[PDB]
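K.L.:
Single-letter residue listing:
2 protein chains.
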Amino acid sequence: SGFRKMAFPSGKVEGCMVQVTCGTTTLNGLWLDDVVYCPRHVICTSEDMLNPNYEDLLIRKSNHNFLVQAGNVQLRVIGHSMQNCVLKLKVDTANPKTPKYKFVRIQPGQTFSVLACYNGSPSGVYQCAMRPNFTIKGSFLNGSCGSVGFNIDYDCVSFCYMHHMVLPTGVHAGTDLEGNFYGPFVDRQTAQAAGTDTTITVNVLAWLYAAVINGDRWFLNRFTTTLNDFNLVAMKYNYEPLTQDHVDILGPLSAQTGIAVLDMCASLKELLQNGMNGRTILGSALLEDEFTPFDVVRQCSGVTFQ
Amino acid sequence: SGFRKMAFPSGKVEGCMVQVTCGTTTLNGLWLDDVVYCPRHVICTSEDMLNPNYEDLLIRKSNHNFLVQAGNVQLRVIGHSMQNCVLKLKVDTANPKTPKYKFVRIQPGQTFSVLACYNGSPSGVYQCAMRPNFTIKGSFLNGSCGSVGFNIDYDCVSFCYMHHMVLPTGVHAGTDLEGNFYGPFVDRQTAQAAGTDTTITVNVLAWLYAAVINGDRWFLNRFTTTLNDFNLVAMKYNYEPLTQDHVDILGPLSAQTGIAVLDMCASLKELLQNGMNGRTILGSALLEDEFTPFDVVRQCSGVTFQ
Ligand SMILES: *[C@@](O)(c1nc2c(F)cccc2s1)[C@H](C[C@@H]1CCNC1=O)NC(=O)[C@@H]1[C@@H]2[C@H](CN1C(=O)[C@@H](NC(=O)C(F)(F)F)C(C)(C)C)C2(C)C
Ligand SMILES: *[C@@](O)(c1nc2c(F)cccc2s1)[C@H](C[C@@H]1CCNC1=O)NC(=O)[C@@H]1[C@@H]2[C@H](CN1C(=O)[C@@H](NC(=O)C(F)(F)F)C(C)(C)C)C2(C)C
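Residue numbers (the authors' numbering), protein chains in the order written: chain B, 1 to 306; chain A, 1 to 306.
Please note: incorrect hints may appear among the correct ones.
Any copy will do: because identical chains look the same in the list, a pair fits if it lies in one copy or spans two.
Taking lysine to any residue and the SDA-like style, the derived pairs with C-alpha atoms no more than 20 Å apart in a straight line are [as the list claims (entries may be wrong)]:
{"#": "1", "residue 1": "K61", "residue 2": "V104"}
{"#": "2", "residue 1": "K88", "residue 2": "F103"}
{"#": "3", "residue 1": "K88", "residue 2": "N228"}
{"#": "4", "residue 1": "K137", "residue 2": "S1"}
{"#": "5", "residue 1": "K137", "residue 2": "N214"}
{"#": "6", "residue 1": "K236", "residue 2": "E270"}
{"#": "7", "residue 1": "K137", "residue 2": "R279"}
{"#": "8", "residue 1": "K137", "residue 2": "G2"}
{"#": "9", "residue 1": "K100", "residue 2": "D155"}
{"#": "10", "residue 1": "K100", "residue 2": "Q192"}
{"#": "11", "residue 1": "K97", "residue 2": "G15"}
{"#": "12", "residue 1": "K137", "residue 2": "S284"}
{"#": "13", "residue 1": "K61", "residue 2": "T169"}
{"#": "14", "residue 1": "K137", "residue 2": "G215"}
{"#": "15", "residue 1": "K5", "residue 2": "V166"}
{"#": "16", "residue 1": "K137", "residue 2": "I213"}
{"#": "17", "residue 1": "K5", "residue 2": "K137"}
{"#": "18", "residue 1": "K5", "residue 2": "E290"}
{"#": "19", "residue 1": "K5", "residue 2": "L286"}
{"#": "20", "residue 1": "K5", "residue 2": "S284"}
{"#": "21", "residue 1": "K137", "residue 2": "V212"}
{"#": "22", "residue 1": "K5", "residue 2": "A129"}
{"#": "23", "residue 1": "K5", "residue 2": "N151"}
{"#": "24", "residue 1": "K100", "residue 2": "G15"}
{"#": "25", "residue 1": "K137", "residue 2": "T280"}
{"#": "26", "residue 1": "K137", "residue 2": "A194"}
What the hints contain is simulated information worked out from the structure, not anything from laboratory work.
Using the sequences and the hints given, assemble the complete structure.
P.N.:
This is the structure:
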């Protein structure tokens with residue numbers, strides 16, 4: 001029983017984490033085959049950061065300027081280049097622990113696991129969601145830069161995120177592993193705020209299905225509603241529109257519980273309108289939106305990896 | 001920036017997980033050197049579990065009935081003995097990936113990471129607490145038995161929990177790695193109940209301190225209180241009493257915030273009596289008691305491992 005925010009096992013990724021130093025700046029890098037990936041601002045000092053000229057700072061630099069350490073092993077850089085906001089360092093050793101991997105760009109609402117790192121060493125793991133405003137609600141200190149987010153499919157590690165920065169609200173921003181930002185953010189120290197964040201309705205519904213599977217059923221009402229009427233209400237409350245795709249993704253959970261997605265949609269309509277009256281669902285007193293429908297299925301089926 | 005329930009990186013433990021089969025009952029095993037630890041009810045069929053005589057059941061068993069899989073590769077069991085409610089299967093191959101490890105019995109209120117496994121394969125990692133009544137609020141499906149809970153100190157893995165059973169409430173119960181239950185439970189299928197569960201006061205205070213460090217300060221008072229006044233409130237709400245040891249344990253957080261423990265107790269007093277009034281704290285609408293003071297120090301100072 002029970003229902004937790006669960007991260008993927010981190011071992012496959014742990015074996016890929018290294019430390020990259022340029023001058024007096026050190027941050028985390030990701031070592032796959034004979035390439036190390038890190039944030040490009042590794043070449044910046046804390047005063048370059050108001051508005052760097054990366055092309056210019058970079059051209060100055062030579063292979064020998066970049067120190068790569070993997071545990072105790074010093075890695076010899078034999079090449080460097082900049083793709084968007086990431087630096088790729090070609091090294092003389094392929095990482096023997098390199099797992100099957102791919103790089104993906106996740107969409108708003110999708111979850112993944114973060115392995116928070118300081119000085120190339122793993123400190124912690126937790127699950128997050130890409131928020132609709134393209135930020136994440138992570139946990140990161142100074143030196144976290146270059147920590148990575150990922151999903152695991154059996155044996156294939158899909159890397160979706162590398163960490164770059166924290167925004168005034170205390171939420172976070174970063175890139176894909178091709179160094180393109182999620183959202184309209186830039187890698188410089190200047191005024192930038194995320195837009196308004198919305199709640200991810202498809203995930204809330206998934207969460208409500210989890211509750212039902214775990215015996216928490218008090219919020220089921222005898223109404224139903226249409227998708228159009230549902231969405232009119234959800235716009236009112238800063239909830240994301242629900243699509244037909246969302247509906248069909250909820251199917252497994254719908255078929256499991258005997259509860260039509262439009263029925264659950266109606267339970268949710270009432271909760272937004274009248275609130276939760278101090279009552280909890282699965283121990284939470286707020287509606288949770290950082291579990292996808294696949295997340296609920298895996299934790300309510302036993303999906304494993306190796 | 002940010003406060004999340006963070007788990008320890010799981011790689012060291014992942015390499016120790018095997019699959020243990022006896023009859024057609026399969027569950028999780030922990031392979032350290034040339035010993036594999038699992039729950040002793042691996043030797044039980046369905047009929048046995050209402051009231052097994054483990055001694056008698058085990059006598060009918062022999063090494064030959066014990067099939068240990070380690071990924072794709074079968075392991076030869078050359079020995080066996082029952083230690084309390086756990087089974088020690090001597091195998092022929094020491095585990096090459098054995099980390100430095102110790103076995104510890106944790107106390108109520110202490111947190112640890114769980115690597116949830118099915119069929120000997122990692123599924124997920126998450127953080128929880130030993131509750132005052134010696135249950136945990138985990139996430140476990142059929143086949144989760146023998147999954148383990150752990151802490152990492154630098155390079156040392158301290159194994160503190162092995163999972164055995166779910167209780168009426170949907171809370172879980174298990175043993176240490178020498179097979180002695182946390183709490184009054186037994187490994188048999190009969191109606192058992194945990195005690196009343198209290199809130200871990202020292203952890204709530206640690207979380208409030210995390211709240212202040214992350215800039216969420218609205219619940220601060222200027223009032224104070226003694227330990228005695230506070231305690232005589234606390235027990236009204238089923239908060240565990242707060243001892244001087246707890247005060248001294250909270251002293252790092254106090255010194256970092258500049259807020260005396262007894263002041264913070266005063267803040268918690270008002271919160272217990274006045275409720276939150278629809279206010280959140282670190283984005284929660286309830287008081288969180290599953291972060292120790294050390295946890296708070298770790299994630300607000302960024303301690304690493306491996
Ligand atoms: C990160 O780890 C990095 N730290 C350094 C560094 F010290 C020197 C050179 C390069 C880098 S990358 C760090 C992670 C931060 C620390 C606090 N919590 C985090 O998540 N990222 C940054 O310091 C980041 C880099 C410059 C300024 N950064 C910021 O996060 C700033 N925010 C903004 O400018 C805002 F996004 F607009 F709000 C800051 C310092 C928090 C105000 C750059 C963006 C390249
Ligand atoms: C666990 O994984 C094990 N499963 C088996 C099995 F199928 C055959 C033999 C041995 C074991 S151990 C499982 C974990 C449970 C399943 C559901 N959620 C979990 O956490 N543990 C049990 O099934 C466990 C074993 C017998 C009965 N168990 C219970 O958890 C039962 N509870 C109680 O008896 C009660 F707590 F008192 F209510 C049950 C089946 C959920 C009612 C034993 C303790 C030996």
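K.L.:
Does each hint fit the structure? Answer for all of them.
P.N.:
Quick rundown of the hints versus the structure:
Neither within a single protomer nor between protomers do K61 and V104 lie at most 20 Å apart by alpha-carbon distance, with minima of 29 Å and 50 Å respectively. Proximity of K88 and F103 under a CA criterion of 20 Å is satisfied intra-copy only: 14 Å inside one chain copy versus 42 Å between copies. Taking the closest pair of Cα atoms, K88 and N228 never come within 20 Å of each other, the shortest separation being 47 Å inside a single copy and 60 Å across copies. Proximity of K137 and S1 under a CA criterion of 20 Å is satisfied inter-copy only: 9 Å between copies versus 27 Å inside one chain copy.
In this assembly of identical chains, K137 and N214 lie within 20 Å of each other by CA distance solely across copies; the values are 13 Å between and 26 Å within a copy. With identical chains, the CA atoms of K236 and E270 are at most 20 Å apart within one copy only, with a shortest distance of 13 Å there and 34 Å across copies. For the identical chains of this complex, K137 and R279 are inter-copy neighbours only, at 19 Å across copies versus 25 Å inside a copy, given an alpha-carbon limit of 20 Å. When the C-alpha separation of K137 and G2 is checked against a cutoff of 20 Å, the pair qualifies only between copies, where the shortest distance is 6 Å, while the shortest distance within a copy is 23 Å.
Within a single copy, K100 and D155 get their C-alpha atoms as close as 7 Å, which meets the 20 Å cut-off; across copies the closest is 26 Å, which misses it. Taking the closest pair of Cα atoms, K100 and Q192 never come within 20 Å of each other, the shortest separation being 36 Å inside a single copy and 46 Å across copies. Proximity of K97 and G15 under a CA criterion of 20 Å is satisfied in both settings, with 6 Å inside one chain copy and 13 Å between copies. Taking CA atoms no more than 20 Å apart as the test, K137 paired with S284 passes in both settings, with 18 Å inside one copy and 13 Å between copies.
Taking the shortest Cα distances, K61 and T169 never come within 20 Å of each other, neither inside one copy (34 Å) nor across copies (61 Å). In the homo-oligomer, the alpha carbons of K137 and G215 lie at most 20 Å apart only across protomers (15 Å), although the nearest pairing inside one protomer, at 29 Å, exceeds that limit. Only between protomers do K5 and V166 lie at most 20 Å apart by alpha-carbon distance; the minimum there is 19 Å, versus 22 Å within a single protomer. Taking the shortest Cα distances, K137 and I213 sit within 20 Å of each other only across copies (16 Å), while inside one copy they are farther apart (27 Å).
In this assembly of identical chains, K5 and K137 lie within 20 Å of each other by CA distance both inside one copy and across copies; the values are 14 Å within and 12 Å between. Proximity of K5 to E290 under the C-alpha cut-off of 20 Å is found in both arrangements, the shortest distances being 8 Å within a copy and 14 Å between copies. In this homomeric assembly, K5 and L286 come within 20 Å of each other (Cα to Cα) both inside a single copy, at 15 Å, and across copies, at 17 Å. Both within a single protomer and between protomers do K5 and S284 lie at most 20 Å apart by alpha-carbon distance, with minima of 12 Å and 14 Å respectively.
For the homomeric pair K137 and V212, the shortest alpha-carbon distance between copies (17 Å) is at most 20 Å, but the shortest distance inside one copy (27 Å) is not. For the identical chains of this complex, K5 and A129 are neighbours both inside a copy (11 Å) and across copies (14 Å), given an alpha-carbon limit of 20 Å. In this assembly of identical chains, the alpha carbons of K5 and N151 lie at most 20 Å apart whether taken from the same copy (14 Å) or from different copies (18 Å). For a Cα distance limit of 20 Å, the shortest separation of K100 from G15 qualifies both inside one copy, at 12 Å, and across copies, at 17 Å.
In this assembly of identical chains, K137 and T280 lie within 20 Å of each other by CA distance solely across copies; the values are 15 Å between and 22 Å within a copy. In this homomeric assembly, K137 and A194 come within 20 Å of each other (Cα to Cα) only inside a single copy, at 12 Å, whereas the closest approach across copies is 35 Å.
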